[PDB]
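J.: Read off the chains here:
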Amino acid sequence: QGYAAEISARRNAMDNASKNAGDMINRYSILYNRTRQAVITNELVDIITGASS
Amino acid sequence: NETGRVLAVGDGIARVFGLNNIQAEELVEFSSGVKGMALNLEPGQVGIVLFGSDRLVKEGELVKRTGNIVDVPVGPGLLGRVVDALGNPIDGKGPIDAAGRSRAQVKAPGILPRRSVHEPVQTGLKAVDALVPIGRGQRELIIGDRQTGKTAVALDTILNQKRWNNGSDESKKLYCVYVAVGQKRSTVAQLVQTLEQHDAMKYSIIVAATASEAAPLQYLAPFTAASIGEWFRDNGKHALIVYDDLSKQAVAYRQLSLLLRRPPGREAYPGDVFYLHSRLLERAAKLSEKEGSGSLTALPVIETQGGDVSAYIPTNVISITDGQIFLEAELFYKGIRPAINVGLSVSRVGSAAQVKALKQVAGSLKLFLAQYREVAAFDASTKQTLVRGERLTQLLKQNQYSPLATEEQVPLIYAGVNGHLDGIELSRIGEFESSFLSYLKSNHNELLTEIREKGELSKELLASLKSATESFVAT
Amino acid sequence: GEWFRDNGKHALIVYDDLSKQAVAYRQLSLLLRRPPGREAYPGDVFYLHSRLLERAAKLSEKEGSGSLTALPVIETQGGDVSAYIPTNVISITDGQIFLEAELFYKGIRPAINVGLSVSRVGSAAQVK
Amino acid sequence: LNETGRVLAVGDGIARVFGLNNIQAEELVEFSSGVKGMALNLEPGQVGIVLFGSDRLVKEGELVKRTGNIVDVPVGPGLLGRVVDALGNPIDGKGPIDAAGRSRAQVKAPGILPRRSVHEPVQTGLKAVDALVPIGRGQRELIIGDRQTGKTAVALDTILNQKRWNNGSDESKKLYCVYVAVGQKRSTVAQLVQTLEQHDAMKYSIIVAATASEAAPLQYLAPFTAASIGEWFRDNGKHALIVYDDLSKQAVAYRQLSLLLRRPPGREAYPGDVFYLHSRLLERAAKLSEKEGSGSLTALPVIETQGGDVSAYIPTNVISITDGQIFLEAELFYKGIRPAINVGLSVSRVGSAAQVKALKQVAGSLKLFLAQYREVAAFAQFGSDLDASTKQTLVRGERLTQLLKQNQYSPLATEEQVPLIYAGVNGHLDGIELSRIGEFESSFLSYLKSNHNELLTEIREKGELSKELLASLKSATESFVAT
Amino acid sequence: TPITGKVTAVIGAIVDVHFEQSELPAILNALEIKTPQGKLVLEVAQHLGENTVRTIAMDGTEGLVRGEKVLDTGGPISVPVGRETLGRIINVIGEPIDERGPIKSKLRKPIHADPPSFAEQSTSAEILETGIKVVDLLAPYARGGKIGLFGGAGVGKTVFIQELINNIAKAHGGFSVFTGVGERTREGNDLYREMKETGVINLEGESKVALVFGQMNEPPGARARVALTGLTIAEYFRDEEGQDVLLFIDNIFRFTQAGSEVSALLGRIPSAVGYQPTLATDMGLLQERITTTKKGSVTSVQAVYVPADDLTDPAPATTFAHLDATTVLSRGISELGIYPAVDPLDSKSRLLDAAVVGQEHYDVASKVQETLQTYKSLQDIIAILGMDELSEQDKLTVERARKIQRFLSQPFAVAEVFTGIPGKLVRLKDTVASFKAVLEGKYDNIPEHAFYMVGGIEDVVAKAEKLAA
Amino acid sequence: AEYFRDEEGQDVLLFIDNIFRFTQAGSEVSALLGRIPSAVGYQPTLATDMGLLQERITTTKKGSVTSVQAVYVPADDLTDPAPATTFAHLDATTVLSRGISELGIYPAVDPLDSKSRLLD
Amino acid sequence: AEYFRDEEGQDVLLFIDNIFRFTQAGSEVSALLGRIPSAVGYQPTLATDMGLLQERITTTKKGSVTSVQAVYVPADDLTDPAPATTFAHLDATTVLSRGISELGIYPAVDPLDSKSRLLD
Ligand SMILES: Nc1ncnc2c1ncn2[C@@H]1O[C@H](COP(=O)(O)OP(=O)(O)OP(=O)(O)O)[C@@H](O)[C@H]1O
Ligand SMILES: Nc1ncnc2c1ncn2[C@@H]1O[C@H](COP(=O)(O)OP(=O)(O)OP(=O)(O)O)[C@@H](O)[C@H]1O
Ligand SMILES: Nc1ncnc2c1ncn2[C@@H]1O[C@H](COP(=O)(O)OP(=O)(O)OP(=O)(O)O)[C@@H](O)[C@H]1O
Ligand SMILES: [Mg+2]
Ligand SMILES: [Mg+2]
Ligand SMILES: [Mg+2]
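Chains as they are written, first to last, in the authors' numbering: chain G, 224 to 276; chain B, 28 to 405, 413 to 509; chain A, 256 to 383; chain C, 27 to 509; chain F, 7 to 475; chain E, 240 to 359; chain D, 240 to 359.
Source of the hints: derived by calculation from the structure; they are not laboratory data.
Be aware that a few hints might be false.
Said to hold, decoys possible - Listed below are the simulated BS3-like cross-link pairs for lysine-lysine, each with C-alpha atoms no more than 25 Å apart in a straight line:
{"no.": "1", "chain 1": "F", "residue 1": "300", "chain 2": "C", "residue 2": "120"}
{"no.": "2", "chain 1": "F", "residue 1": "202", "chain 2": "F", "residue 2": "176"}
{"no.": "3", "chain 1": "C", "residue 1": "361", "chain 2": "F", "residue 2": "373"}
{"no.": "4", "chain 1": "F", "residue 1": "382", "chain 2": "B", "residue 2": "386"}
{"no.": "5", "chain 1": "A", "residue 1": "361", "chain 2": "D", "residue 2": "354"}
{"no.": "6", "chain 1": "B", "residue 1": "120", "chain 2": "E", "residue 2": "301"}
{"no.": "7", "chain 1": "F", "residue 1": "75", "chain 2": "C", "residue 2": "361"}
{"no.": "8", "chain 1": "B", "residue 1": "120", "chain 2": "B", "residue 2": "62"}
{"no.": "9", "chain 1": "B", "residue 1": "361", "chain 2": "B", "residue 2": "386"}
{"no.": "10", "chain 1": "D", "residue 1": "354", "chain 2": "A", "residue 2": "275"}
{"no.": "11", "chain 1": "F", "residue 1": "401", "chain 2": "F", "residue 2": "430"}
{"no.": "12", "chain 1": "C", "residue 1": "85", "chain 2": "F", "residue 2": "115"}
{"no.": "13", "chain 1": "C", "residue 1": "361", "chain 2": "F", "residue 2": "430"}
{"no.": "14", "chain 1": "F", "residue 1": "442", "chain 2": "C", "residue 2": "431"}
{"no.": "15", "chain 1": "B", "residue 1": "361", "chain 2": "E", "residue 2": "354"}
{"no.": "16", "chain 1": "F", "residue 1": "75", "chain 2": "C", "residue 2": "85"}
{"no.": "17", "chain 1": "C", "residue 1": "431", "chain 2": "F", "residue 2": "382"}
{"no.": "18", "chain 1": "F", "residue 1": "469", "chain 2": "B", "residue 2": "417"}
{"no.": "19", "chain 1": "G", "residue 1": "242", "chain 2": "B", "residue 2": "134"}
{"no.": "20", "chain 1": "C", "residue 1": "500", "chain 2": "C", "residue 2": "475"}
{"no.": "21", "chain 1": "C", "residue 1": "120", "chain 2": "C", "residue 2": "134"}
{"no.": "22", "chain 1": "F", "residue 1": "401", "chain 2": "B", "residue 2": "417"}
{"no.": "23", "chain 1": "F", "residue 1": "382", "chain 2": "F", "residue 2": "442"}
{"no.": "24", "chain 1": "C", "residue 1": "475", "chain 2": "C", "residue 2": "189"}
{"no.": "25", "chain 1": "B", "residue 1": "134", "chain 2": "F", "residue 2": "40"}
{"no.": "26", "chain 1": "E", "residue 1": "354", "chain 2": "B", "residue 2": "431"}
{"no.": "27", "chain 1": "C", "residue 1": "85", "chain 2": "F", "residue 2": "12"}
{"no.": "28", "chain 1": "G", "residue 1": "242", "chain 2": "F", "residue 2": "382"}
{"no.": "29", "chain 1": "C", "residue 1": "361", "chain 2": "F", "residue 2": "401"}
Work out the full structure, taking the sequences as your base and the hints as a guide.
T.: Right under this line is the structure:
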């Protein structure tokens, strides 16, 4: 009984763990995209400033 | 001497020789009937920004001077019709009547004349009315994402004034101005149709610097609309102005600045952008009885991306307003509309100007709902605490274009807070609310007159409403 | 290649590797003091690659049967397909054969990633 | 015409001046209103001159007159115990400066042949640095890290630790100190001089105080002139340690100058020659040949970094230039590791050759133990019943990292550090509960100071261990571990 | 006669003036342009050549016309100083705006002066009790020191400063200066309103605070020099009156921000992310003035807005160096409902050293920070894999850290309307006792709920008792 | 399309494939003209260029020009200025998916990721 | 080295430390001459200058030159343009990793990271 209960609880708990892992994957994808745009703009402005004198 | 000749033109910018007597930011008018603002003086030339399209000017054209700084017609003659920037009528209904003309860029009133806000902007939205009250003269940001109902929050508020602008006296009146920046012209057409289908257009003004207008018109329009509202403010009538939305104004100013080759700042926005919004939004105020008595109140709108309130423009604007409402997209697509994120939504002064009865019944409901959020993330009593929160989150919902008078909001909020709704089936709450008001309209109606007229519940009426709510729950 | 194409022969061309071609183009552009663009490439590098790549073709029998086929080769910093020059090339090309460092380490040689590689047009032309 | 000029334009402390046909590059000039300046741009029609002071009293049409002599600074033993500005003028108000001579700011760093490799220590008294990240005389060791992570405190502890030898007559073992405060607020300099005086280190310390109130060029010159001061010790045959706090605050000032001069910007809007600048500053650290008295000048540049990202231009350049790095982290500072040194990233290229020899054998595989501990530290959170070996590494590694805690302004002589590291390595403290480790470190030294003085005395005097001395220390530790 | 020039160029806040004669205005001199809207005041910033000078304008430059006559005052911008400034609101260029008559005093003084000489610098370790639990516990303030509140938009800076005023200024005995720089005009009006109601100011009687204001509606030229104006007011009390000055400056970021606004038009090559080339030294010439000399104390509180919540930004990065203590407010804490939102890790103070604060206090604070850092290290594992997997002592540490974190909250009186809870002040020794007791492990039996927003451990137990009822 | 609308009178569909490369061409043109690049490399005139293109297709007396616009998304991110600018104007969106087709549903419209502001 | 190769005919083993700082000095000089900065600040001529330096090292009929070169790798980012450019010019590359030395393994060659065209 304990062995079966342990296996079932493990199944549930790690399904929930995968849920939260996916949630973090989403939020970090969004944060990566924001940093991508920020980095591109920041790097580009250096070229602009160099060229503008 | 008076009139110059064009040396160059392109990107919406021009340079003109002559114009020796021009004031800074004076309106020039070109040979082709387009108008421009003398933005950048220098020895031997004037750099000018065209309000019209670039195609309308040629080198060698001869340029006239208007003689006045950027200015708009003002007064109730504008009331009830659509206008483009510079006060151009576009409703096809004929010329604008005017009480006078005022510069688009008057300085905001100083520290002394102002008075702390003490009167309510009647929302018509339950959550806004109870949790984030807005006082006349306050500046409350509405911030959100695409299609998350940003326009609706302001539109319900504009419509709700119907019950008072028809009133017997100017005391409670609240005139309305709506400013569309960079929007689809079809959106402005349909919105004007919505406001004309209701009575609202009888007392409101629409400024429509839509997407096709060259950048300087989009840049200038909010100042001109504010200058219209300030006439109502200074003549002792309250005025509410709305902007959908100031982010597109920031984009227009970014385009205009970069074409002037000014340095690009953080996030490619010009460093001046902070000034642009601030000198606008500071013009909303409430003036003490020493200089007239009235208010200009503002609802700017900001379109976030992915809920990133931490982006440059969102934070920059938040640094100026006296409050914010953050419409969470997840709550919208969860079906919880108007999706106010009660945790981050803030009113920095409204609690001192909320209509007293609604505060009296609400009794710190804001922290209660924050507690409900804290519980919902995951003891038996801790579980029970969630049930009344679920009832309340069901009850706060409201459909578009159908406001509630305060006399209707107060009973519902009272029933939610006291828990008399906790026993009721959660799914039937929408049936209950519409029903309870009906009951109030049929039997207790005198109580509805008392709550509406007095502004506070008396202890006798507190017990009476407890009895009435328990009776309807018994039904 | 076009001499063989238009004259009715059949031709293949391999570009090892167009990334360096774009680098040379940006060197010329910057030393000419022309406007820079994203990633410090000249703003019209997309035109640079498209003007060339669109020369791959198969002519009609009425024009005179003949074909030029192209194999662009790209170096992908850290596998970032979203890099500017690879992005332009992928927007121009008809499909990709996508090699991966991970798979080559694992001993899969020639190390094609089957999942990422696709051939939109070629499936109509594989031997019957 | 040739020996005088007229100011064409003025702004932001930089002036454009007509004439001066005979001016040398970088030459110093005087304005008739009393301000002095330095020439940095030469164009066919004008000279660009940056000002050592406020421009509020400069005007168009001012006469400007040459001086011929390039920027220079006074040097000598009189500078000890004094605070001087970037150009060497006294500011503490104690009186004149007993200069032994003068030296120009920019100077050739010593060539290849006159040098000899590092073979002498600079005992910081900072336990973790001495044990893990050696610093030798003539070495240049960067201290790099985040906002407010003890970068200044590390160097200040190192300075204070020299009180031991500097108070003796062992001339060869002495180590004078020069502290260069640049970009710091002036009351910070006041607090630092008070702190040194409270510990009597002021006797052997020189302070340069080009604080952030100074016009930008004075910050620029502030390190170089300080270097020219230190070299007078080096060339004279003595040992001096120069600390720069901090060179990034200086790079900002040079960025300002370059942008106002309209020199083309580089990456991150820094001037293109930043690496050349810091090279010219830091390459002067050296230990001279016996031909020239075997003196040395030792450098500890300090670099603040934003969010710990070394990818920035200035941190990358300075990391390239220096012989080793001490990385400081807020994570280590908060979770209790003070002075919060990131052991993994803190490479030093002199390494074992620099340490006082006694500590070499005692520390031994200490690096290996901490490095292996770091590998399993993250795995430990898995909750698995890990094997006894990995568990041994995991139980010791943290308890040993605990032994590298240290109180601020409390440097320990290596006489004291050798017992501690010996006990930590041989595992004699393995059974002690973690919270008591800090007690043990405190008590153990006392025990040895009370009952084994003739062993610590040899650890100083001999500077090296033997099988018998190691065995004796074993006996003492084995007895002490049983209370 | 006074010396006259003609305007030749007008751009935003910048104006170029040409003088026909070789007589020329010195840099930083004040120039007056007569206009029917009231005189415009401009400050000389550069010399361009051929008797042309470039200047910053301080009102709206609208209405100016090329060729307008410009009049030199013969000196820099100046403002009235002395005791008579107390109880008054003062514009950047010296005129009152409180409409209570012209201010007159024996002396004016110029806006620009060199910072104090090193020889007169002063140091003292007199810890200053704020009554705020988190501050007094983990980052104490110092008499005569410079302290800075850092935070993104809308995290609590101004409310925090007003709470500090309510706790400190009441009977300080010294004189105070409050300087508004790009803050809301509503903020200034509300400050004046509350102060007249609490005796700090008296239209009839005597007053203890001088108010200097240029708010966010004003052009950048005034927003730059307004901080120096308030500073010039403070320095006179420091050096001439000889009384300890409570200096409040909000919002000081707007200072360098204002500079950026003009930097493009003056023609500087922009620095990284668009800030001034002069960022460091232009900040310095303001900041160094504020330090306490041997003559008298200046206890100063500075409000530091952080754009985009990005502390790696050059402005706050340059600002941190110039301060002795800094309290960092972050948005994440505010989203979790904890106020006054002080970040307990990044807040740092010169005074947190065993020698000055007491050994017990220092040990307690060190262990508190260790606990919070442990929780912040575990939160990623907790979030993904879940709290169940935590090691027993690690789980206890987490359950203790959560209590301590929510215990660092506190309701200010200034937030009485926001929270609906009466504002409460805490004795420092009480704070040390409370957090010591919690780290002794006495109170892990209390539900976490009890710790939220009460002033001291005894209040925690009282609230637990009330909760259980 | 406009001539069919205003002079003939009938309704029209204008198919544009692909609007992202209209944005790309606009960026190249503005870069070549020396207009200093804006955020993440796109040209300053992005907003008003899109306005000048899309503001014309609307209802009038005679009829209307409706437009199906295929939208490429750089890096599959909907916050990037190109798709973000485009979405400021779109009325409704249709999402096709290979998975839906593989399930035997033809035409392969996703019934839930497709969204319409006219569902009113 | 080339004199020993061409004239003496002797094979030469050439050592260089450090070529990354050759690229860095190229960056400095190019910036100082006022050329426009390229990506992340390196000089536009980076490819052509690196090629001009590296191709001289090649072997000709009359004698070989064998060369060992060291690159500093900023922030360990092998994809940075300065080190990344050099991969086009090397027969064998040996990535050293401090992490391997931390495990007590010297000379700390990352065994999976190195490449050699002669491993055939
Ligand atoms: N109270 C409401 N209850 C339910 N749905 C609503 C409500 N208010 C608005 N909506 C939905 O939102 C639509 C209008 O959205 P709205 O124009 O206010 O959004 P927005 O954020 O301003 O968008 P945009 O960026 O396009 O201007 C309505 O057609 C309806 O679909
Ligand atoms: N060994 C230590 N133990 C405890 N606290 C310490 C120790 N060393 C330093 N501190 C404290 O940590 C902080 C270090 O301040 P310090 O001025 O040295 O920082 P810094 O990193 O040089 O900063 P900045 O870049 O502002 O100059 C101070 O609070 C100091 O009291
Ligand atoms: N301790 C607190 N208790 C209750 N509410 C608080 C607390 N701290 C901050 N707030 C809330 O946060 C906001 C603080 O307003 P405040 O004017 O201080 O903001 P700010 O950070 O100075 O803003 P800005 O960046 O615009 O200057 C108000 O909504 C206030 O209700
Ligand atoms: Mg909208
Ligand atoms: Mg320091
Ligand atoms: Mg504030």
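J.: Taking the hints in turn, state whether each one holds.
T.: Comparing the hints with the structure gives:
1. Under the criterion of a C-alpha separation no larger than 25 Å, the hint pairing residue 300 of chain F with residue 120 of chain C is consistent with the structure, at around 16 Å.
2. Restraint check for residue 202 of chain F and residue 176 of chain F: satisfied, since their Cα atoms lie roughly 13 Å apart, inside the 25 Å limit.
3. For the proposed pair residue 361 of chain C and residue 373 of chain F, the alpha carbon gap of about 9 Å is at most 25 Å, so the pair holds.
4. Taking the CA atoms of residue 382 of chain F and residue 386 of chain B, the gap is about 38 Å. The hint is violated against a cut of 25 Å.
5. For the hint linking residue 361 of chain A to residue 354 of chain D, the alpha-carbon distance of about 14 Å falls within 25 Å, and the restraint holds.
6. Proposed proximity of residue 120 of chain B and residue 301 of chain E is supported: the alpha carbons are some 22 Å apart, at most 25 Å.
7. With a CA separation close to 66 Å, the supplied pair residue 75 of chain F and residue 361 of chain C exceeds the 25 Å bound.
8. Note on residue 120 of chain B and residue 62 of chain B: the hinted pairing holds, with a Cα-Cα distance of about 23 Å set against a maximum of 25 Å.
9. Between the alpha carbons of residue 361 of chain B and residue 386 of chain B the distance comes to roughly 28 Å, so the proposed pair goes past 25 Å and is violated.
10. Our distance criterion of 25 Å between C-alpha atoms is met by residue 354 of chain D and residue 275 of chain A, whose separation comes to about 21 Å.
11. Under the criterion of a C-alpha separation no larger than 25 Å, the hint pairing residue 401 of chain F with residue 430 of chain F is inconsistent with the structure, at around 32 Å.
12. Restraint check: the Cα-Cα separation between residue 85 of chain C and residue 115 of chain F comes to about 23 Å, which is no more than 25 Å; the hinted pair holds.
13. Among the hinted pairs, residue 361 of chain C with residue 430 of chain F is inconsistent with the structure: their alpha-carbon atoms are about 31 Å apart, more than 25 Å.
14. This hinted pair checks out: residue 442 of chain F and residue 431 of chain C have alpha carbons roughly 22 Å apart, not beyond 25 Å.
15. Between residue 361 of chain B and residue 354 of chain E the CA atoms are separated by roughly 15 Å; this keeps the pair inside 25 Å, and the hint holds.
16. In summary, the hint linking residue 75 of chain F to residue 85 of chain C is supported, as the alpha carbons are separated by about 22 Å, within the 25 Å threshold.
17. This hinted pair checks out: residue 431 of chain C and residue 382 of chain F have alpha carbons roughly 21 Å apart, not beyond 25 Å.
18. Taken as a hint, the residue 469 of chain F and residue 417 of chain B pair is honoured in the structure, with Cα atoms around 20 Å apart against an allowance of 25 Å.
19. Pair hint residue 242 of chain G plus residue 134 of chain B does not hold up; C-alpha atoms about 54 Å apart against a cutoff of 25 Å.
20. Distance hint between residue 500 of chain C and residue 475 of chain C is fulfilled; the C-alpha atoms sit about 15 Å from each other, no more than 25 Å.
21. A hinted pair counts as satisfied when its Cα atoms are at most 25 Å apart, and residue 120 of chain C with residue 134 of chain C does not qualify at roughly 33 Å.
22. Between the alpha carbons of residue 401 of chain F and residue 417 of chain B the distance comes to roughly 23 Å, so the proposed pair stays at or under 25 Å and holds.
23. About 20 Å separates the Cα atoms of residue 382 of chain F and residue 442 of chain F, which keeps this hinted pair within 25 Å; it holds.
24. Taking the CA atoms of residue 475 of chain C and residue 189 of chain C, the gap is near 20 Å; set against the 25 Å cutoff, the hint holds.
25. Taken as a hint, the residue 134 of chain B and residue 40 of chain F pair is honoured in the structure, with Cα atoms around 18 Å apart against an allowance of 25 Å.
26. The hinted pair formed by residue 354 of chain E and residue 431 of chain B meets the criterion: a straight-line CA distance of about 22 Å does not exceed 25 Å.
27. Only pairs whose Cα atoms come within 25 Å are accepted, and residue 85 of chain C paired with residue 12 of chain F is accepted, the gap being roughly 19 Å.
28. Proximity of residue 242 of chain G to residue 382 of chain F is assessed by CA-CA distance (about 21 Å); at most 25 Å being required, the pair is judged to hold.
29. A distance of roughly 16 Å separates the Cα atoms of residue 361 of chain C and residue 401 of chain F; the hinted pair therefore holds under the 25 Å criterion.
Violated hints, listed in ascending order, are 4, 7, 9, 11, 13, 19, 21; each of the other numbered hints is respected by the structure.
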